[PDB]
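Q: Chain by chain, the residues run as shown.
2 protein chains.
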Amino acid sequence: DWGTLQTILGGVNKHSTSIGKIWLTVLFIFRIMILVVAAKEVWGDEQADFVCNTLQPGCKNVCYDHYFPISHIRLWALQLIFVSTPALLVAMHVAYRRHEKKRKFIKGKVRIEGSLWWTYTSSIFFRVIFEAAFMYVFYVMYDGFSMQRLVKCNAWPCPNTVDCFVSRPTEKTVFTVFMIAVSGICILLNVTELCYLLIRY
Amino acid sequence: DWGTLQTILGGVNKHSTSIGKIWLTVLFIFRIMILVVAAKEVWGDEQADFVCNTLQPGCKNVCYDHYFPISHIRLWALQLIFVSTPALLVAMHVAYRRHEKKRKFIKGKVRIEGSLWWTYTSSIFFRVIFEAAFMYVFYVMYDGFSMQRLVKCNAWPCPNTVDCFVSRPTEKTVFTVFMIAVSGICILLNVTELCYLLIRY
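For the protein sequence lines, the chains are C and C', in the order given. A prime marks a further copy of an entry chain. Going left to right, the first sequence walks through residues 2 to 109, 125 to 217 as PDB author numbering numbers them. Going left to right, the second sequence walks through residues 2 to 109, 125 to 217 as PDB author numbering numbers them.
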């Protein structure tokens with residue numbers, strides 16, 4: 002039930018008029034499509050085919066870890082999770098509060129644009145707080161903007177400075193580009209919607 | 002030319018009357034016979050079949066060394082070398098000084129019993145100084161009087177405390193007994209001759 006149901010509440014009835022309402026969510030899908038291709042495919046090798054040229058037991062495991070603390074595809078994953086949260090927390094805040102107020106005062125819209133159009137504004141703030149909280153780590157945590165073919169790893173139990181080599185560090189980067197590019201694009205659409213709610217107040 | 006020539010000068014013409022003159026040298030031969038059996042036969046394995054249960058590169062080499070600094074058969078060897086030295090230094094001091102004084106005053125025995133029976137007394141002192149200098153190390157250097165089946169070796173590059181195992185540590189000990197026993201026997205005969213030169217002065 003992954004993706005089809007998030008839209009049943011995520012793509013709600015009739016919220017705003019900016020052409021960036023759907024655009025942002027079409028990417029949200031696109032962006033989980035690109036990742037549901039990367040993950041199971043290019044990262045399986047991450048640990049397996051990660052070769053350290055040393056016979057020294059401890060080394061290779063320590064050399065992956067010290068170098069791949071939260072692997073990319075689990076970061077990408079967490080991103081799509083956190084940045085998914087505001088989207089579904091709001092949609093949850095709506096289908097609850099709207100169903101509630103309605104079926105309670107029918108037997109016995126200033127607060128529909130009040131309560132909900134307001135939490136949605138802070139959501140849009142949250143979205144870009146996350147989309148940029150990770151975009152940050154993904155750029156600061158991981159030694160520049162990509163990964164090299166080999167790394168020189170000083171992991172504890174290696175003898176002095178040893179070599180190690182990653183698997184397909186280009187294919188791995190390629191997908192770090194797209195996912196970082198679309199991570200920026202999906203930042204602007206998010207900030208344009210935070211901009212439009214700063215223009216008319 | 003090993004053994005047969007040391008006797009040509011070692012077992013000289015007519016030195017003393019104690020029945021321990023030949024006895025000591027018959028052992029000297031016996032003792033190089035037992036060692037010329039041990040060495041090439043039981044010690045080849047020392048390093049080869051010395052097994053340390055660890056995958057840790059440095060370890061096994063360091064575990065032999067830290068534990069077998071001057072291997073037994075090279076000690077035994079050095080013994081038979083040093084304790085061989087006084088025997089052949091004297092015999093050398095004789096066949097030289099005797100050949101010299103003779104062929105020099107023939108054309109133009126108070127100093128034969130003086131010079132030579134005196135250096136021979138200090139030789140006998142030297143013999144038992146060596147025979148006991150090593151007998152000492154061989155007992156102090158090597159962790160008791162024999163060797164265990166396995167050792168627990170803390171050699172640097174092992175992970176913590178590792179096991180290792182020696183080759184035929186009994187056959188190795190067996191020959192440490194004989195060679196240490198005959199190292200004691202050959203001490204007493206040496207000291208009995210230093211005793212007989214202390215009795216009549």
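Don't take each hint at face value.
Remember, identical chains collapse to one label, so a pair may be satisfied in a single copy or spanning two.
Simulated pairs of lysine to any residue, SDA-like, Cα-Cα distance not exceeding 25 Å [claimed, not checked]:
id, residue 1, residue 2
1, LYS125, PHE161
2, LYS168, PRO58
3, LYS105, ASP159
4, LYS125, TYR217
5, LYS108, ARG165
6, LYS102, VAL63
7, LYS125, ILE33
8, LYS102, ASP46
By construction, these hints were calculated from the structure, which means they are not laboratory data.
Q: Please go over all the hints and tell whether each is borne out by the structure.
A: Taking the hints in turn, this is what the structure says about them:
1. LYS125 - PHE161: neither (47 Å within a copy, 99 Å between copies)
2. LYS168 - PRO58: both (17 Å within a copy, 20 Å between copies)
3. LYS105 - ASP159: neither (56 Å within a copy, 91 Å between copies)
4. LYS125 - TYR217: within (18 Å within a copy, 132 Å between copies)
5. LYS108 - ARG165: neither (68 Å within a copy, 92 Å between copies)
6. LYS102 - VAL63: neither (56 Å within a copy, 80 Å between copies)
7. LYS125 - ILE33: Close neither inside one copy (35 Å) nor across copies (113 Å); limit 25 Å.
8. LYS102 - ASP46: This pair counts as neither: shortest intra-copy Cα distance 52 Å, inter-copy 90 Å.
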